[PDB]
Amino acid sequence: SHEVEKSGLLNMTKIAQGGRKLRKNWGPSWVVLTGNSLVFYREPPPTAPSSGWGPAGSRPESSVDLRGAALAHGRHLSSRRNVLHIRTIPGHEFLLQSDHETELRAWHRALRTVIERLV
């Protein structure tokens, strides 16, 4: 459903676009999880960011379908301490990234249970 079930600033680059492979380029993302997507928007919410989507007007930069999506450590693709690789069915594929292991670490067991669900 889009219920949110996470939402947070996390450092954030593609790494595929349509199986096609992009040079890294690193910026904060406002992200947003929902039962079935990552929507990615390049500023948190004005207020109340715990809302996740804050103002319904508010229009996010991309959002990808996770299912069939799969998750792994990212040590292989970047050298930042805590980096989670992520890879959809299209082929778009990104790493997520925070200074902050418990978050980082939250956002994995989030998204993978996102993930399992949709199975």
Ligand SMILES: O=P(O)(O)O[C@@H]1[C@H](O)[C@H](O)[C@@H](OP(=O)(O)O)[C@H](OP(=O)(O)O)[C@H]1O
Contents of the next structure:
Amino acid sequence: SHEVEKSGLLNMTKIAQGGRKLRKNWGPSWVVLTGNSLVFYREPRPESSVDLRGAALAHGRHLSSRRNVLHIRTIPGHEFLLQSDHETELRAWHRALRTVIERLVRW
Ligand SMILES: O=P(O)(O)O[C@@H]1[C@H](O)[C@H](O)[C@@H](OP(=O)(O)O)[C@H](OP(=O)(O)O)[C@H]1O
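What's the form deposited with this ligand bound like, now that we've got the form solved without this ligand?
And the full complex, kicking off with our chain again.
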């Protein structure tokens, strides 16, 4: 659970906090996926962390003009987009995030 499943640089923006909409502010983030949370740093203490238990993950093609976007909405209501210009690495992230989120459903 504390172990790192994936880490890498992605572009990210918050879009809601506790169910309230936020102005986007896209920027690069060093992103760390553990066995139960996604952790954001300015570079390789976290700026922020979210628990992924019960998170809703989807494609975010409808939520941005950017290419290769994922949308995550957490149980407390925080919502984020992740994006990369590199479609294969974005797909790798999508699969890793799916794996961790689904794992929290059964364990
Ligand atoms: O800075 P502002 O004036 O608030 O303008 C937003 C800005 O251009 C964001 O880049 C854009 O999101 P994308 O780059 O992800 O397309 C967003 O679109 P949206 O409101 O349709 O999310 C605009 O509202």
